[PDB]
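Using the sequences and the accompanying hints, generate a full structural model.
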Amino acid sequence: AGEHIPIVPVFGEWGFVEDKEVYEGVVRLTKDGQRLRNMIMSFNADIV
Amino acid sequence: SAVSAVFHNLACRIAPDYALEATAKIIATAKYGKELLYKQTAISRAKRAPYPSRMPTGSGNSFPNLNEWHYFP
Numbered sequence: 294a295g296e297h298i299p300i301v302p303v304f305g306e307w308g309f310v311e312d313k314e315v316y317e318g319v320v321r322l323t324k325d326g327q328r329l330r331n332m333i334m335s336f337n338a339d340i341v
Numbered sequence: 087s088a089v090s091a092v093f094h095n096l097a098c099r100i101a102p103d104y105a106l107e108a109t110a111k112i113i114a115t116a117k118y119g120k121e122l123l124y125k126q127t128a129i130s131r132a133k134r135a136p137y138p139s140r141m142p143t144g145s146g147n148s149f150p151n152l153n154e155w156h157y158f159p
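Protein sequences appear in the order of chains D and R.
For the first sequence, the positions run 294 to 341 when the deposited numbering is used.
For the second sequence, the positions run 87 to 159 when the deposited numbering is used.
These are computed hints drawn from the structure, not numbers from a lab.
Wrong hints could be hidden among the right ones.
[Unchecked claim] Derived CB-CB ranges, DEER-like:
1. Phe149(R) to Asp312(D): 37 to 45 Å
2. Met332(D) to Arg99(R): 47 to 55 Å
3. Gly308(D) to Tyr157(R): 50 to 58 Å
4. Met332(D) to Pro150(R): 19 to 27 Å
5. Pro142(R) to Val303(D): 33 to 41 Å
6. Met332(D) to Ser130(R): 37 to 45 Å
[Claimed, not checked] Computed, partial: chain R to chain D, Cβ under 10 Å:
7. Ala132
8. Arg134
9. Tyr137
10. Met141
11. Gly144
12. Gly146
A virtual CB, placed ideally from N, CA and C, is assigned to each residue, including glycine.
Below is the structure:
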């Protein structure tokens, strides 16, 4: 029924590399710190 | 390995029988041969204890699962 695309995506932080959509949320960089925090935590659990 | 340990200490044990005391080279190497045969035993027995009756797996693993295992893990 649409003569234009009925799918309009909302983006967070957004831009282009060159001729390619690139986007990221707020959780991208937290994957680095969170897994690291758990590694140190889980090792010291064994000592206890 | 154990054949080449014992004869240094054997030289120590026969010294009282012969009414003397073994020299410094014999007694030290005898202790070294005693240690050598125990190096493999020491490393095998150098392994961390099994966990006590209180020990969770947390919630960071997939599913909460069971928690507080005995000496099983």
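Hint check:
| no. | hint | verdict |
| --- | --- | --- |
| 1 | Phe149(R) to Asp312(D): 37 to 45 Å | holds (43 Å) |
| 2 | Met332(D) to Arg99(R): 47 to 55 Å | holds (54 Å) |
| 3 | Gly308(D) to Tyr157(R): 50 to 58 Å | holds (55 Å) |
| 4 | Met332(D) to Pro150(R): 19 to 27 Å | holds (20 Å) |
| 5 | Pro142(R) to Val303(D): 33 to 41 Å | holds (40 Å) |
| 6 | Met332(D) to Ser130(R): 37 to 45 Å | violated (28 Å) |
| 7 | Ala132 | violated (16 Å) |
| 8 | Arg134 | holds (8 Å) |
| 9 | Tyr137 | holds (8 Å) |
| 10 | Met141 | holds (8 Å) |
| 11 | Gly144 | holds (8 Å) |
| 12 | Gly146 | holds (6 Å) |
The structure is inconsistent with the numbered hints 6, 7, although it conforms to all the rest.
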